[PDB]
Structure formats: C-alpha cells, structure tokens
Amino acid sequence: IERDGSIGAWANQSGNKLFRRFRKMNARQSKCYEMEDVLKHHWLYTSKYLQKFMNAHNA
Amino acid sequence: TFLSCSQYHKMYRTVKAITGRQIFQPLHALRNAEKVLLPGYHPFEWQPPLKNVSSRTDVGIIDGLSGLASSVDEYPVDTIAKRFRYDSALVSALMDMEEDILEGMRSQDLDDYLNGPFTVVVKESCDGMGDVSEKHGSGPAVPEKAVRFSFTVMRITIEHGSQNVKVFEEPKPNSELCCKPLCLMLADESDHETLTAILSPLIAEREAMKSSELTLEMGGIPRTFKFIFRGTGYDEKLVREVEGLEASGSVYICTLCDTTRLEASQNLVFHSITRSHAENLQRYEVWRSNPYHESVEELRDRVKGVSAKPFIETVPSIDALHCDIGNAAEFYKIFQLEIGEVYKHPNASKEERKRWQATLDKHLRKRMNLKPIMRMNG
Amino acid sequence: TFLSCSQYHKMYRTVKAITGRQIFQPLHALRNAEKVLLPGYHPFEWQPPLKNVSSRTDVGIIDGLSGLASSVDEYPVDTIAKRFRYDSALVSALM
Amino acid sequence: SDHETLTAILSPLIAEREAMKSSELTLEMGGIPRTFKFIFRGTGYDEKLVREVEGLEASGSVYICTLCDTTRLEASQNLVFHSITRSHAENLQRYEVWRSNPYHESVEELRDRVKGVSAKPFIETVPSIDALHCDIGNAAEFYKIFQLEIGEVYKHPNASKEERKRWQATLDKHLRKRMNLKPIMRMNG
DNA sequence: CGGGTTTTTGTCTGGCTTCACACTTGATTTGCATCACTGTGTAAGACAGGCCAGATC
DNA sequence: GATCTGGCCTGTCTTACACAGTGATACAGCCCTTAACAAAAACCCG
DNA sequence: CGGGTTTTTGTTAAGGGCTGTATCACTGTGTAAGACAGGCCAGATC
DNA sequence: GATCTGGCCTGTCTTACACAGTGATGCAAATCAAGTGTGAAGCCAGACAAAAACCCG
Ligand SMILES: [Mg+2]
Ligand SMILES: [Zn+2]
Ligand SMILES: [Zn+2]
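Top to bottom, those sequences are chains A, P, C and U.
Read in order, the letters of the first sequence are residues 947 to 957, 961 to 1008 in PDB author numbering.
Position one of the second sequence corresponds to residue 474 (PDB author numbering), numbered consecutively onward.
Position one of the third sequence corresponds to residue 474 (PDB author numbering), numbered consecutively onward.
Position one of the fourth sequence corresponds to residue 663 (PDB author numbering), numbered consecutively onward.
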C-alpha cells in the first residue's frame, strides 16, 4: 500500500477469444503475414483516439 | 465491429448508390489514416545517443526473432514472432494521447506553451493465451499456445515551480482497452529458451531508454519526456519463473520476503519486503561460485530458494480475489474443524471429517439454500 | 454483411452521435421491416376449399415434425425440423 | 440415407403440394384481385437421391438409366436407340406387382420383370442431367481409348496389367512433355 | 340547359441572384481487376470382408 | 545384508465453475397541451 | 453596491408516442484445483 | 462326400482438388486544384387580363 497505494482488481478469456476472433475474421494464411495483421488490428483496437470517437454518445 | 474489406466495400458502394451522395469513405483514405496512426510515422529524437539502438524512425512491425539464424545447422525453432519497436510504440501511444493530456493540462490551470520534463509511468505485462488454434481437419492436432508482451500508460505528471500536478491519471488501468501490445509469439509459456531469446531485445531497449530523454513535437512546441517503468502485470507463476526462483514446491514460497512456509506459519506478521533484483543477482552468483564449499542443502538454504539467473526486473504485487479466497479457504477449514469439537478429540479420521463436511454442506443447503462445491472460487 | 444486433446498434448510435442526424434506423424499425416480409403476413384466399389444410393465414415458422410422437414408448428420433407452410411461402414470394 | 425420418418429415409437404396442384390462388397484391395457378417440377434432385426416393436400387442394380429400362449389358450393345419408359404411375404399378406377385415366379425373374423396383415411390420426380457429368464421362472414356490405341491391343489379345500401367506412364510423360499437362487419377471438370 | 364563382394562368418592364462551359494540365482518388497463400467440403477411387460357385482326394 | 513397504514429493489430468455472446422481451427515460406562479441572468440609473 | 426593467428556464398535473438500455433463457467455452499415478526414498524384517 | 480356392459385391475409409476467403497491389479513368470571363438560366417589385370545372336559377 505504501509503495503503490492501490492493490487493484485486475484479473481470462479476454486475451484468447479476442485473439481468435481477430485471427478468424480478418487475417491471412502462410503464418507469416497472419501475425502482422492480427498485431496491427489489436493495436488499432486499443487506440484512445478511436475509443474516444466511439464513446462520444454519452455526452 | 470486426468488419472485413470486401463486405465493407459492398456496404460502402450500396449506401453511396442509395443515398446518392458519398457519406462513408473508401478503403484508400481508410488505409491512409491507418498507416498514419500506426507507429513509426511521426519523427522524434533522444538527447542521449541510445546505444545499441538504430536512429531510423519509419519502421513498424518486424520479426520477433531479431535476426535469429534458424537454418538447418542451428537450434530448431519455428515459433513465428512479430514485434514493434519499444520507442516507436511508446511515441505512438504518446501521440494518440496528446489530445487527452493537452485537455488535462488546460483543465488543471495550466497554459499550452509549457515544457517538460514530463514524467510518464509505464507498466509492463505479459501472459499466455492457451489454445488459439481452431483445428478442424481431424480434431485436436496440437495444443498450440501463444503469448503476448504488452505495456500500458497510466500516469502522466509535470513538476512546475515547487510541486507537481498529475495531468493524466488513468480511470481504469485494469481494462482490456488500454493494453498496448509490443510483441506476439506462438511459443509456450514453459519454453524458457525461446521466450528469453525473444524478450532479450525488448529488455535491452528498455534498459537502454530507462535513462534517456525523449523529445517530441505535439502542437508545434518541442516537449521533453522521461519514463519510469514498472513490472507489475505478471502472475505469481511468471514472477517465480522469470526471477530465478524454484517452482511451487519446496518450503521457499514467498516472492516478497525470503521466509519459509514453517517460519511463516510460526510467525505470521514478522516479515517485510526484502527481495530486490540485485540481491537475487548476488545470490545467483554465490550459487554459481559457491565460495564456501558447503553441502547441497547448506548452500541451498544459504541462497534462500533462488537457483536460476533472472533477466527481468519486476515489482511484484497481489490480487484482491486471490487474497480474499486465500482467507475464505482458511475460514471454511476452521469452520469444519470447529463443527467437529476437535479440541476434545485427540485423533482425527478421514471418515469423521468427511461426515462433518457433509453435515455442514447439508445444513448450508437447507438454511442458506446454496450449492456447496469443493472447487473453491471467488 | 453478417451484422449482429449489438454491433449494428453500436454502429447506429456511433453514426448518430458523430453526425447528429438519424441517418440509419433503430432496431424496432428493422424488426417491423423484417416481419413485413416474412411469410404469413399478407392475406390471400383459394377458390377450392383446400381440404386437410387450415385456413389460418398468420402463421410462420412451425415445427417440421407436424405433431410428432416423441413419447418414450415410441420409435426414438432426435431431429430438429423447422419449416414454413407451402402456401404461405408462395404468397410471401409473390408479395 | 435415413429413410423413415425423411419420409415422416416430407409427407406433409408432399400432401400440401399434391393438394395445391389443382387449386386457384387469389391475391390482392396489385390493388386488384389476381388469380394464380401452379405447375410443380421436381428437377433439382441429384442421382443419389433420385435413386432412393423413386424406389429403385441405390447403386447395385444392373439397371442404370433412370429413364429407360435397359440393363447394363444391353446398354453396351444398344447405344442411341432408346426411349423414356419410366413414370410415377408405372413405378407404383410395378411396386404393387412386386408386392403382390400374382404370377408366382422365382425371385430373379420377378426382379428382372419389375426392372429393379423394390421400394414404394412417394415423390413424383423429373430427373435431369448437367453438362459436367457428360463431359467428364466422355473424357474418362477417351482417356482409356487413347491408352488402348497407344498400347497396340488390337494385335495383342491378352495383355498384362503392368504393361497397361507402363502404357499409362508413357502416355502421361509424353503428354506432360508436349502439351504440358498434369495427369491425375482424381478427375474433375 | 345556360350563367355565375372560384381556381388556376399568364402577362411586359425593369430588376435581383445563380449555376455552367471554357479551356487550362497534371495531380488525386476512385474503381475494378489481379496478386500471395492456404483450409476444407466433396466426389473419384481403390479395398478387403463377405458371399459365392467350381474343383480334387 | 538383501528385500518389502509406508510416507513425502511431483508432473500431469480431468473437471465444475465463472463467464461470453444472441435474438426477443421488458422496463425506463424524453415531448404534449394551460398556466399562474417559482426561480436564473445582463444591463442601467440612483 | 443595489433595486428596476427586461430576457430566459422550472413546475406539475397524463395517457400517449418514441427511443435507449437492461435482462432472460439459452447454450458454448476458457481455466486453475486438487486428485492421483508414479518416483524416490528410509525403516522394518527374514 | 468333405472342404479348398479364385472371382465379384458392396459398405468402407482415403485422398486429391477446385473454390472461397483474408489481406495488399496496380493501372485505366473520372474529377478537381485555382485563373478569370461571360452567358444562359432561376426568381421578384410595378398593375392588368385568359382556360377549366361545379353549383344555382
Ligand atoms: Mg498467467
Ligand atoms: Zn511473504
Ligand atoms: Zn437410358
């Protein structure tokens, strides 16, 4: 507590189901460009800019 | 929405034909904005030279093997790995959060023509995924396991005058929306050789940029950034494996203190955090050198558990669900012990405790109307 | 485009918030538009009485077994059959 | 291949179709009353299903034509001169004759008299073929014709299987060298 | 069955705005076809157990 | 002294249990029409 | 600095229509947990 | 008369094969960056007169 000040509540399937979805929906074969594409899509999915444009319906 | 390109173009042309005017945007400008937003687009610099790191700043995804020769006359390896550049992904995250940090600075009674040195707290984390192969040709073929190494920014501060002000604090860092990934590998978590071979360049760049100064353009004004890295997104298994400790076996089980199970059971609150990284390095050096010529168990107790060479400095932590279930299990056990009047019985049989647990579960299902189960959960 | 209900609603609300105007349609409008096209909506008739056929004209998906004998003391069968009515399907195709 | 469940599921649809065959629909789609008739043609059935729902044997019968009653032996002799001599009513009649057997004859003669009908038909089907099967059959025949003409079998009464395999290999190599084609036993379009 | 009442239809004179070729050319994006590379449903294709009848001591 | 056996570790190996996603249903918030009173403000002369 | 005069919002009456989330039976599916077959002994016995 | 053996029949995997997807390229083609410069239209102010349908005397 003195070191950080928050024990946190971090926890699953959120790393496997999303990865398999990105691999099955939009990815290539040959196991060479498949990883590049899934990494690019996973990077685009966690962008603060895109999320801010998405959740703008609350205001 | 997890949309492909063909059906997206179909919907685009259909809407453009129906509404007459063009409302959506074709794949050209979409891919343009995509490659603009991807790391390795905008320039930056560092006041230190950043030794062992190139100065090129227009490269993104690269092979995670880091030029590892995998020919016929070398060590067999086939795990495909891809990775970003740590500085590139870092500056890309900073650039996409520039708007939020500028809004925060404007809200916290500060102007816009401000300089650093800003302080950014970056946490790192990595964990496996399990089965990621949808094999349907003949059934279960191979238990292919993958792993991802990622980072997360959760604190941005600036010290002006005397004190500082946190211009950015993450609302919920323990989420699956701000987990910026660095690299992806198709390797098992237990495979130490390949994991280390892939994670060594990342740790090298991390230790290189730990004592550097970033200079970046945000709105036409140069800004200076410093970064403090924290390894706290690892579970106890990965911490115990990477830091050179033994498995989940012998009496040495604490990751923050060098105590044992017996000493912990005897004295409960009599320990403080002492296990640093340099101490573990020195203990591994003592294990390797053995400057006393002692027996196996003697030096094993002297080094206090650690027997491997660590290569990632981490800051261990504790989870709430785990610390709650660890106490709930002991509460359930002491209830089972107390509903049997064990302070009067000198011995204890398996049938006695089984019948006591059965009676307890029956009374619980009768009164509280729940479903008891031996599989303890949260 | 193989779009689910949740993702379609997300896209609809996102476009409505970023544009201001309601260019797309809500979920209930889409449900009405898909019910106006399913069989068993528009009325019809037949010059012959069409014996052994009911005269009800607002039925859609029905169990394909047509009153099965799934009791335990009968011939076992494990199938899931769903069907439209022939005249209803023809009327829907004509409409 | 599950016959009983398929029949139990398709009987209501067949009943509705045979009841609608002679009806008159009246609709109000274009603002005015419109009358509709219907003519049904079951031509979208493959060979495996048209040889099962019609009552004939699946694949082991000597009778191969789904339109004529010509046996496999007579088909190799008479090539073109044939006619369509099959329908639903005559199939029902042949099944009734097979079931009753009023002549009290042997099993083989009764089988060749009913032309392979063993099951009772319940769906009036109109069989048809496509160009793909025709062309693949013609090409499969011409392949063996080329093998037989390159092997010089008209002067060799009884050859060997290994000699024919050598002929096949030589023809495949010659074709791959001149025409540049990839031979394969798995035939397609 | 003829006349009256709306309702819509135009008038010149003089006076406002308002979109479109006309080239001018040479970048820009826009669109449809092509490229790299596998996973899989489906139909050809032998294939051995089984069922036979022809055969020998 | 050689052999058989109970007890402490140890690397799997099945599991129940917590979630995940979906179309349809059910609550649960925003305008409508008089209106006499109830408030917020910007600006100005005393 | 303070009232006067003037310029803008709230309030509850209510059965509606309209739109935004929350839930509900449904299953599937990833995952530590904790049990169990061995491995490896040190002690008892002929 | 008692088994022994070669040749079809048919329910079997078994196995190749074309197609559908994902993503990115990559040239042919329509459009637009600004420069005036007319040049033909659309509507409005000023007060004064023609077709077409339904109801009443
Ligand atoms: Mg983990
Ligand atoms: Zn401890
Ligand atoms: Zn024929």
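To be clear, the hints were calculated from the coordinates, so they are not data collected in a lab.
All residues carry an ideal CB built from backbone N, CA and C; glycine is no exception.
Don't take every hint at face value.
As the list claims (entries may be wrong) - Stretches of chain A that chain P covers, calculated by requiring three or more beta carbons in the stretch to come under 8 Å of a beta carbon on chain P:
#1 947-955
#2 1002-1008
Said to hold, decoys possible - No farther apart than 20 Å at their CA atoms in a straight line, the calculated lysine to any residue pairs in the SDA-like style are these:
#3 A/997 x C/483
#4 P/508 x A/999
#5 A/989 x P/508
#6 P/782 x P/800
#7 A/980 x P/538
#8 U/683 x C/483
#9 U/699 x C/530
Structure-based check of all given hints:
no., hint, verdict
1, 947-955, "holds (count 5)"
2, 1002-1008, "violated (count 0)"
3, A/997 x C/483, "holds, 17 Å"
4, P/508 x A/999, "holds, 14 Å"
5, A/989 x P/508, "holds, 10 Å"
6, P/782 x P/800, "violated, 33 Å"
7, A/980 x P/538, "holds, 14 Å"
8, U/683 x C/483, "violated, 48 Å"
9, U/699 x C/530, "holds, 19 Å"
Checked against the numbered hints given earlier, this structure breaks hints 2, 6, 8; the rest are met.
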